[PDB]
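Just the one chain here, laid out as structure tokens, in the form solved without the named molecule.
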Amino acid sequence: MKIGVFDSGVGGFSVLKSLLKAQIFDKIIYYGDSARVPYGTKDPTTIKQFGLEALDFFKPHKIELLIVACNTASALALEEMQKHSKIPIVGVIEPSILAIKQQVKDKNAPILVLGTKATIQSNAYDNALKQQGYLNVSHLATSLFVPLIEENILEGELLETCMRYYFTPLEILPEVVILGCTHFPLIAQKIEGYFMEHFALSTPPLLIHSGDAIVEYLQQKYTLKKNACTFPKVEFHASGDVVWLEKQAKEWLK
């Protein structure tokens, strides 16, 4: 299939990375809305409209499946996009719920959901987890991780202080942490290192990566063999400067 990948900006490169490593698709058209990014600090009406405009972008490109790599667009706009599309649209929330069902059999394990403000206020993850019977779920909007990560603050005292800022109030020590944002895989080890240090743990909590979860969902749903497509055609498109977005792709994808 010819696939589209939509994100608000460059964050979706963490999903594209998972897709590319799996070698499942031969043609991928990436579109990042880099003129208007971030979505996570904005309101549901604005985001829903952005999702619908992403469909208009892809319509002339005759894609067969659209991945919404953005957890924020997945949380707020996916249902409206799906109603307006004749092709399947797969977001990054449900695949992570499926991944949890498969990897977390104890329905009382403390799960911590991390995302943008918009993602967390939508309760998309809370509702879906409760529907599957999970009972011990906390959510946390770690808004400032996004701009720190885009400024390449992936280590150091600034990142640690920002983690302290958001994590210190936590009541429950999570056993599972959902990276419900495109950006957060880039600090996954730091988040693991946080909870091991400040809680004297031997093993980190289990982290759920949205890109890895959607690869697995897509392999199951569409019966897609891995390592089948070694030299895919990948095209990059952007609402802001595409050269800027391609330079970021080089960094995020290598």
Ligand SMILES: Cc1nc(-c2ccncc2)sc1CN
The other form holds:
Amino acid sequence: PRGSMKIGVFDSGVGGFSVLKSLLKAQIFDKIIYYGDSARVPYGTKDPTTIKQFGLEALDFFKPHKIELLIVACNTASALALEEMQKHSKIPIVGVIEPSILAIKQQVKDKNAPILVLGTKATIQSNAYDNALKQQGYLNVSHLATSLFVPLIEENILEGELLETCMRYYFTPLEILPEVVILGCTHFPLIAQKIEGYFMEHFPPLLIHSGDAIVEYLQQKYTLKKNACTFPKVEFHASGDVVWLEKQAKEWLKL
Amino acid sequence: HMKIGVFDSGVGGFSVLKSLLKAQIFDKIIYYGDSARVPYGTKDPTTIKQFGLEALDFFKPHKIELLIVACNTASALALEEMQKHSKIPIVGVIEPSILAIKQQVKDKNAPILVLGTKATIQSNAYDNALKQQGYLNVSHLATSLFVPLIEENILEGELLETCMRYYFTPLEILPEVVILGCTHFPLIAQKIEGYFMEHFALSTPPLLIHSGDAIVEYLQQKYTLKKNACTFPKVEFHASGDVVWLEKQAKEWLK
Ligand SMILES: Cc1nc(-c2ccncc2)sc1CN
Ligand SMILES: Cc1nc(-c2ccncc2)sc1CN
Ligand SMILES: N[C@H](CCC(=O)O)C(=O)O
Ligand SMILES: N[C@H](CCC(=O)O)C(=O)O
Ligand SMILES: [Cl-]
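We have the form solved without the named molecule; now please give the form solved in complex with the named molecule.
What follows is the entire complex, opening with the chain shown before.
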């Protein structure tokens, strides 16, 4: 319904490239300013106060770039900092949590369906996803903090016994067999097939992808046509070495 | 001299602090973990160098007479720059470990394996220091994933064993000495000894070089401090993240 060209994308590091990939594939925006807090990544192992402050400082970064909409690609910042970012900023901020709730409403008509939330420690300890799902009447929601997937994925460990063992470590205690599996972390789309293949091979579920969900939400909220910019302009900024972050983008975006 | 600072990226430095407290050589210790920004090991030298200079600003109001850089990554990359901007002595954990090796490894051809973060290994600080002393049979191995595994309190079981098998299977030189060039690795020291004993059938394990024990000897000799003097040293904990969170980990790491 609303109007809204130049976009910002905030993430703790290179994980947000999974959201940038969705944005770029949808071809909805012509200019995107990506900022990864790669000097301080990860956020998910840290405390709400630290993370909330990180989100507010991300706003200070974007202020000189005259963006019209800020996407918080980071599920951790979305879960912990979004409300504070919203109150301190004059521009719209859309996180990757709320859009996934809407996507589930649209894709999961069984309100009793087992749902499994995967995320960082901070995301899962916030109960952000559980609360929002309960508010929408879902009654059978489990959560699981798969902290070590982040560093594993960042070391390009996308297969093998070390990934399979880490999944065993985290998934084995699960009680309910999920019918929905929320990838509530920027990183986890890069192992989505393995996560689907684990729950199927040790007992596929509807995998909710945060990037795809935020894209669909933005089309509805702002009436944005796909294929409206064939080559969007993406600028990369980082608190750490920007060349390191741009080189990672080359890998994450061709994946 | 009397009141010292201890700097680490986070809670790993408790391995060095544990050594310092057991030796009972200092009366007052100001520990500072940059837990908002940990880890350093996956980041770039420029970022890490700046982290080291900012740590110096933290200790300025505390009026310390000595700063221990417990972090091997900051020691490898930031120590020299830190010292140039500092009016007090700064001691890292790399150079003292070379001295412990000079003292314990008379065979300069003994195979030595240095373990540390990617940034530490990439700096080659250990290899360069060891070469400078006549040690020719030297290998370096970045074991990045040990850090997040240890912080998740995974000090045993199959996930850790698979991770050691991931990093060690490629080793060409069966080491006689393993340098624990990372604050976290002492917590799996016995596991590292156990691995080599199993997968290479030895009776005695490699010599393990503990960074904290190395710096303790160095400091007692350098400042001629009396071991077992202060029976209950004073330790103040500060963090860039939630200091209660850092103090809770300290309880576990110091046990
Ligand atoms: C698909 C893709 N798109 C990229 C891009 C787009 C816009 N601006 C910068 C980079 S890279 C890439 C493959 N690695
Ligand atoms: C468990 C433990 N905790 C120590 C401590 C804590 C805080 N301040 C000073 C010393 S020592 C120790 C065992 N040796
Ligand atoms: N971006 C974070 C994952 C990496 C981190 O811990 O910062 C998230 O989506 O939860
Ligand atoms: N303290 C670091 C390990 C953790 C980090 O990477 O920050 C070291 O000694 O190498
Ligand atoms: Cl650099």
